[PDB]
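Undergrad: Based on these hints, arrange chains T, Q and R on the given structure of chain S.
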Amino acid sequence: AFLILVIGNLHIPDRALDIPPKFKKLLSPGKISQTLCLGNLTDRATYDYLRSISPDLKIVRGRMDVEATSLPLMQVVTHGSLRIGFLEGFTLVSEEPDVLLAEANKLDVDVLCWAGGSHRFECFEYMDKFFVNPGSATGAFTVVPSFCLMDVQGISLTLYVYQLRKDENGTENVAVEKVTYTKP
Amino acid sequence: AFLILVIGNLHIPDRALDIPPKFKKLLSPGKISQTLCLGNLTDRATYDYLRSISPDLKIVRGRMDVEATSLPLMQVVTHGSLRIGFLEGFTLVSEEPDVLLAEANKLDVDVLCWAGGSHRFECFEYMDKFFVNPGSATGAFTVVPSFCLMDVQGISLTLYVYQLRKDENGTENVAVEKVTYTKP
Amino acid sequence: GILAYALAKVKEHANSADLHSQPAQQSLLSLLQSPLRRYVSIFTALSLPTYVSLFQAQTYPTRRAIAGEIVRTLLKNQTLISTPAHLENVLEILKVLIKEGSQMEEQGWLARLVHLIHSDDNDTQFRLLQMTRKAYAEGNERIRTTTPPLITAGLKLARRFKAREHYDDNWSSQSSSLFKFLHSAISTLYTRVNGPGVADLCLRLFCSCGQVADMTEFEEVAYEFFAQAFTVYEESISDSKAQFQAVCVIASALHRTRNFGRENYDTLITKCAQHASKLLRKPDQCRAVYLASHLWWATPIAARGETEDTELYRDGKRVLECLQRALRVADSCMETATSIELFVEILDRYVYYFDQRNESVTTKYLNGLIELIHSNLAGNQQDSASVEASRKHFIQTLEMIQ
Amino acid sequence: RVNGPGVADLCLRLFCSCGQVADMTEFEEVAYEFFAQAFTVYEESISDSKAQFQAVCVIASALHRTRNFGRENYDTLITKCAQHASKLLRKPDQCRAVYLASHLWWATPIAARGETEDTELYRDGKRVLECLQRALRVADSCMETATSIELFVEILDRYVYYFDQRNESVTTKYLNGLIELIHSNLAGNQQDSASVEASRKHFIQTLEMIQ
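Residue numbers (the deposited numbering), protein chains in the order written: chain S, 2 to 143, 153 to 194; chain T, 2 to 143, 153 to 194; chain Q, 435 to 537, 559 to 857; chain R, 647 to 857.
The following block holds chain S by itself, in its conformation from the complex:
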């Protein structure tokens, strides 16, 4: 149903270069419902493109994203009544677990997507929460670009994380793992 794309690490056409062809294939307009974007675009053309994906670019700047095309720093979104959070992660100064958990409260958010400094692309449940770097998602870096199509059901999110692995499959290889989530 809901096709909420969750995506990390980019900097186009910078850390993430092209749009991987499968991404190029994948991402046609309006179709995707919501883009939850974890900043550092860097580019505007690409910004126009984020728009071009879906009917929503849901936006929150990064610390390797300057100025603002019009960027709104943090934004909380509700689907169901999961407050599904994103920021590029900038607000941090400490990647430590309790911090992640805390952070979720400060913003009134309960699922956290962030981008790391060694440009993390790692998510794990720790304290019932997922602290999520969907990180690399387009070819960015500190190889698995990943982003998720998500179906958020209430406070709970079920994520099928689609992972793109360069492999001797001679393709951008999609491996999907589903992880299911409940917000407290």
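It is possible that some hints are incorrect.
Unchecked claim - For each label pair, taking beta carbons as the anchor points, the in silico distance ranges come out as:
(1) Q/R711 x S/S71: 22 to 32 Å
(2) Q/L470 x S/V153: 48 to 58 Å
(3) Q/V842 x R/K696: 50 to 60 Å
(4) R/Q683 x T/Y127: 34 to 44 Å
(5) S/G31 x Q/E596: 33 to 43 Å
(6) Q/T818 x S/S29: 50 to 60 Å
(7) R/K847 x T/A2: 20 to 30 Å
(8) T/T143 x Q/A844: 55 to 65 Å
(9) Q/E596 x T/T143: 33 to 43 Å
Claimed, not checked - Coverage of chain R stretches by chain Q, computed from C-beta distances (three or more under 8 Å per stretch; other residues unrestricted):
(10) 761-771
(11) 820-834
Think of the hints as simulated: they come from the structure by calculation, not from any bench.
Every residue gets a Cβ at the ideal spot worked out from N, C-alpha and C, and that includes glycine.
TA: Quick look at chains T, Q and R alone, frame taken from chain S:
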């Protein structure tokens, strides 16, 4: 002959308030030849007035003078071939003798008028040079306002320092002392 | 044989039907396309250079349109691969590029190049690198975005490079030069007074490189640069948001860097914090101030100095003082609501230090805080969504904190 | 009251007046914040070379009859003023000051003290020399010579000050290196200049002057 007014400490109508009536009497236009001004005016009206004194406001800003009406920081003037220097003194960070002497060289100046921090109004010959705070000269402060009418003869200056002392003479009391000067 | 041999001949003869886009041009173009279109091996054609010289007599609009087209196609995917020559070619063309009408996918161009690079020697790049920087002198107007892919290209290479040295050990040289090169270029750049966002960008570049300098060794050169980086933070950043992002980088950038000691630091720390304490944006400000605790912190690697030479930033005093100052932000609140959300937050933080073996730290304040949150939380109330929320938060927390 | 050009300058001078008055009068407690604020003004919101020129002379100076903070406040602050100073980009002014920053620790005088500590001069060489070395770095990064020498001389004049200041730590080897260096450039290279005449007058003055 030359009526070069040398004047220190002001800030009008600030530290120095009014123009002392004798100053008011004293200073009519064009008549005075050159004004060597040691900054912190503060005022422009008064700037127009400095102009109004003589045919020359010879100007060099102070550190209790902001922006610039048009102010030229330091200026060296020659009369005879005394390079007669003034600045408000701002360039300093150390009132120490050898510093004064040095300073004279750096700017290519050989007579130094400056304004102090405890708003000095003191001049003495030390190392053949006069390091000069004609300081208070209009009612300013850290009571003797003083300024000089000077006749510069070459490298040498003879100063008749006119000193204004409030006294039970019931006047702004003029005491003149002449000090004679040679630049090396 | 056409190209010079009719066509150049012609071209000197006729500047008498002449170009920009007229049908002669068109023809010239089409013709020009003709290889290309047929091609799979356009390269000998750039050795045809009647052609080349002939680019001059094209308009810039058309130079891009074909040449660009070529780039673009080659960007759709490149045909054939390298030799030295092609670097040249690249350049000939680059010369068409940097100027050749004016100071538009030059990004996309940037990208190919940026790609194309990794397989060969130090030098190629260098030649190029060099050329290109010089080539960057031609702008003043699209640029902000345009220098960085190169920055990255080098950076990546630079790590890839860091990832190879035992024959090269002249990384130092390369670097040195390069950083210098870069630096020099960089100093150039800011100074190319030109831009909004300059500060932000430059900085991010400082960061990238600077940090790279952290991981790679060369700290020597760092403080000046860094001192400069901060300056940018002070002068020439100017928006709350811009700042918001940027200081997160300063802090963070500092956070995976660790080079300076304490020495550099006492001066610097007091200052960042001061700037921080000279920011005037409250939500953000307290959270950070208490977060400044983490600067000395055992967690982690950031909390160290190699001027000293290795390990955590042991000792309580500043850490608490930071919390006390964060608390001062709290103190100077007056507006309560946010104060509590924060207090709680601080409390969450308190739980962190409970977990951090914050030894020096004594319960009396923790007690004073839990009590204080409660006192406000309960002790006063009015119409708010927030009152509902506060309970949800309270609930969450209590389960969470153990 | 966002309003104004000159705001920074003025406010500052007011900070100074009052702040200093606060120095002479006792109440230092409240000072650093204010001062920290004062500096901010110096960093953001001043913006002209001249404006700055006057203003930092005040910062330095204002600091110079104030003395309240210690070293504590200072290490952070000193590195910074100097840094701003080192982040100014106006050369004549910049070196002279940098070597002048020596006076911050200096036995001359009252300014060179801290009451966070509670009384007397800012004893110890290291920074003082480093300042001269950095001033020297400005010299180093000169490349444009002429002004470099006028300055070198000037530094030399300064050297004479420290000769007089019992700059104990300081050892002749640099003084020697400087007098020699001034001479080397002074003599060793020449071209059409008024300045070449002047340099002699200066040289003359100096030699008599220095004893």
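Undergrad: Which hints from the list above does the structure break, by number from lowest to highest?
TA: Hints 2, 9, 10, 11 contradicted; others consistent.
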